[PDB]
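Q: In case you want the letters, here they are:
Protein chains: 2
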Amino acid sequence: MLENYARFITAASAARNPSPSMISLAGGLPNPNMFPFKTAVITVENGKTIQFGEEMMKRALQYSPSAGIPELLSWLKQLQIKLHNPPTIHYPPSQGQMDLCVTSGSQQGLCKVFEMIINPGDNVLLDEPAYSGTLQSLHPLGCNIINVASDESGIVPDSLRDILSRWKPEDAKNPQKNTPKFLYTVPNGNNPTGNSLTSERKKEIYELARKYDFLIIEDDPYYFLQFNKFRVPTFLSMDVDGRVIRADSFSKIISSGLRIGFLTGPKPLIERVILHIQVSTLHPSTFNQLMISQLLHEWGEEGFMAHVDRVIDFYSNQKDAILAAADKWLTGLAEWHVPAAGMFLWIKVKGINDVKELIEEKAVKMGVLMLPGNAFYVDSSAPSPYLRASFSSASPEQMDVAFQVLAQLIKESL
Amino acid sequence: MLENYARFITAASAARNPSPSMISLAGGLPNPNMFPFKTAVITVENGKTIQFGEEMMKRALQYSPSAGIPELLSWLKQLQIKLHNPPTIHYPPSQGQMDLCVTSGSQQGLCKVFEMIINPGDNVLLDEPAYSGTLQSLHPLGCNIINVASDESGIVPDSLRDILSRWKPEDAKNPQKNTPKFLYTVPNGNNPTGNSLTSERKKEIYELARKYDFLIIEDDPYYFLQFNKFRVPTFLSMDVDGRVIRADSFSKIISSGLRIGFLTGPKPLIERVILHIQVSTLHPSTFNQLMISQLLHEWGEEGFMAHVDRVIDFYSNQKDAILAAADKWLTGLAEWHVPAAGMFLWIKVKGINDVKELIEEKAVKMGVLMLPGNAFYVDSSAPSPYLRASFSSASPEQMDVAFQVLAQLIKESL
Ligand SMILES: *Cc1c(COP(=O)(O)O)cnc(C)c1O
Ligand SMILES: *Cc1c(COP(=O)(O)O)cnc(C)c1O
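Protein sequences appear in the order of chains B and A. Going by PDB author numbering, the letters in the first sequence line up with residues -3 to -1, 2 to 18, 32 to 425, in that order. Going by PDB author numbering, the letters in the second sequence line up with residues -3 to -1, 2 to 18, 32 to 425, in that order.
Any given hint could be a false lead.
Which copy is meant is left open, so a pair is good if it fits within one copy or across any two.
Subject to a maximum C-alpha distance of 27 angstroms in a straight line, what follows is the list of computed DSS-like cross-link-like pairs (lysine-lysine) [as the list claims (entries may be wrong)]:
no.	residue 1	residue 2
1	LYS88	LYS361
2	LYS59	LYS69
3	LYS188	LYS367
4	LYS339	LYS192
5	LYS376	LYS49
6	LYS376	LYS339
7	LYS184	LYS88
Note that these hints are calculated values from the structure, not bench results.
Please model the complete structure; the sequences and the hints are all you need to start from.
A: Below, the structure written as structure tokens:
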């Protein structure tokens, strides 16, 4: 039941109801034999070709369960246990028993989670600069976003401690005190900053979240792109309270265009999210789930982790290329921290108040496109000296050209 | 864009903002080279094979525009023009210029439309019995659902006229008065009833929508499954005012499991749906959209309509089969109408109050299920004499078996 999670949940979310030998005339499935696609053959780099014969193609073209197809869900649960060993797998449902939901990309799960929790006027916690997409999702919900200080190691727990001191810990379960519903964070390779939390910080933030009793929403699309070969423990692995909701993405690792992600957290909150899925998308593409599931079952955890290693090596090499181009052209004209994960470099330009002018007007003129930092803040009209540079795609030639131009422009703009 | 649809739009919906030079480092795309699927071949029955070579696979696995791929959108826009010729294609944006959105199933779009529109306390109109999935969607949004009488030709205009008589026409644009936001209907082959609106009723209803200035939400997943070979004009075809939002579905025709449908309507409302999508699913599967696009462009409008004709002929034979089975076993035991479209027969059992015990314990034993009517009403705890029978899949033999058992169980309680 919802009873320990009710203070977190909206009146509308709580109001949702399920909306999913034997000759049955009771179902509402169309006839699959009418669908025009018949068989599929899918090629896999140095891998086993995936084949959908006639009967698997009928499955793939047909409706399937809201939470995901059972083979994928089971594979992903075992993955989570192997990687995070969450203490909640062993608890009753009311106490936050770990559960998982395949979603249509990890943004879908996150959005349904924000929609589940937020009433207008609710207080929520995040560190700016934050992903512009999360900001635009929170804005129409009408909550006050309360900014927590961050630095090259993510959220500074001293700043969080100081923000929360405006309440008493005893206020949390008092329905008349507007204590924070949650803290939102991207712990690995934050977009735009590139910075990651340390485990020391995570342990410290987790104790605060216990002390003031709010949820941690751990949005982690670069979990599998950490450049340090030992991965940092997640909030999920330390979640003794069942207060963590985790969003994982295949968008950087397997495919972004396939729209397959997954949400993991306390069963009663996952159930709310699934009930919302049941009246919207109904489920993620059955076809794309079968493609991924067949790949992952043939790979095993081991083949999966080898591919992740391969992808990390590529991004590591790209990261070294962009840092060298920056060392070359931008030293003394700008500041940046080495990215700990992900695909972005966050550059603070010296001696210029707002950089938006410099990029939109002048850089474009020169055939170079960087992104200004403005859209990563709650007040995006405030001036910004930062720009986000992507290193996922550019060649070393193109990075060299891009930074000469940026160097030229920094200097000309004084 | 908004001011004259603002009256229909929630506060949250209107607050949403957009959330989507030879060298660009400004982009947020992962490298598609890292994704493990390299090429794909999908066969089409008596059609040309769909091939994703190396470069088209990279595109299929990558993010794409929130409203859909440009080639699917243009092909669908030309389809709507051919089938419906909406008055609205020539209007400026603000006055409701026709626009289209590809969605992850037609239900995603419907859900985003209800959410975009409804504030707690709002009045909405519809006819019961209605789709249980629609009812579960509306329930948590807190609106007053006002039932409109329907019969075997669908919504009865005189009932609509009488209900609306409780409001003044000139209160519609009074912000302080709570006139109906919209009429929701499924005008071909309503699930569960199988009945369809006639064009005369459509004209009448449209004129009422104009008089009381509400929107029509035309949810039309069986439009391509009409058993009269000449299709009824749609609300979209007569939409001089730009007050019609139309949801189309490929689910019954091409594939339910690919999660591709689309929404047509006034650009300012479609714009609101898109902005919601940009912070949730982001877009529908690029892979699935490209498979469908290749299919449709190769077929052209003619191959598409020939395919549709074959699906109608198939379902039309199932309809005949289930009707014969009904005549054989149920004459003088039940009442039903012949379905005008869709895949359901709706049966009233005579001389019984609630079928729920009759089916969900007594008939399950003999190995037969049909859906009790309760879930198709706003108050599902009320007793129902009705059963919904699907004819999409069962063979004529299994139909005989189910109606034999049904006939028997009714005898055992007459
Ligand atoms: C890349 C990324 C994602 C992934 O989006 P999906 O919906 O999983 O495709 C989510 N959040 C951030 C901040 C990202 O950078
Ligand atoms: C079958 C059906 C649909 C189809 O939904 P998709 O999201 O397009 O699969 C929608 N509404 C009703 C009433 C239906 O019966």
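Q: At most 27 angstroms between C-alpha atoms: does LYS376 with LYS49 qualify within a copy, between copies, both, or neither?
A: neither (50 angstroms within a copy, 36 angstroms between copies)
Q: Should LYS184 paired with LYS88 be assigned to within, between, both, or neither, using CA atoms and 27 angstroms as the limit?
A: neither (31 angstroms within a copy, 52 angstroms between copies)
Q: 27 angstroms Cα cut-off: does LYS59 pair with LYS69 within a copy, between copies, both or neither?
A: The answer is both: 21 angstroms in one copy and 19 angstroms across copies each meet 27 angstroms.
Q: Could you place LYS88 and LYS361 in one of the four classes (within, between, both, neither) given a Cα distance threshold of 27 angstroms?
A: neither (47 angstroms within a copy, 49 angstroms between copies)
Q: From the Cα coordinates, with 27 angstroms as the cut-off, is the pair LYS339 and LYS192 best called within, between, both, or neither?
A: Neither. Shortest intra-copy (45 angstroms) and inter-copy (61 angstroms) distances fail the 27 angstroms Cα cut-off.
Q: Please work out whether the CA atoms of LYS376 and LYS339 approach to 27 angstroms or closer within one copy, between two copies, in both situations, or in neither?
A: The answer is within: 22 angstroms in one copy meets 27 angstroms, while 79 angstroms across copies does not.
Q: When Cα atoms must be at most 27 angstroms apart, do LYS188 and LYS367 count as within-copy, between-copy, both, or neither?
A: neither (40 angstroms within a copy, 45 angstroms between copies)
Of the hints listed earlier, those the structure fails to meet are numbers 1, 3, 4, 5 and 7, in rising order.
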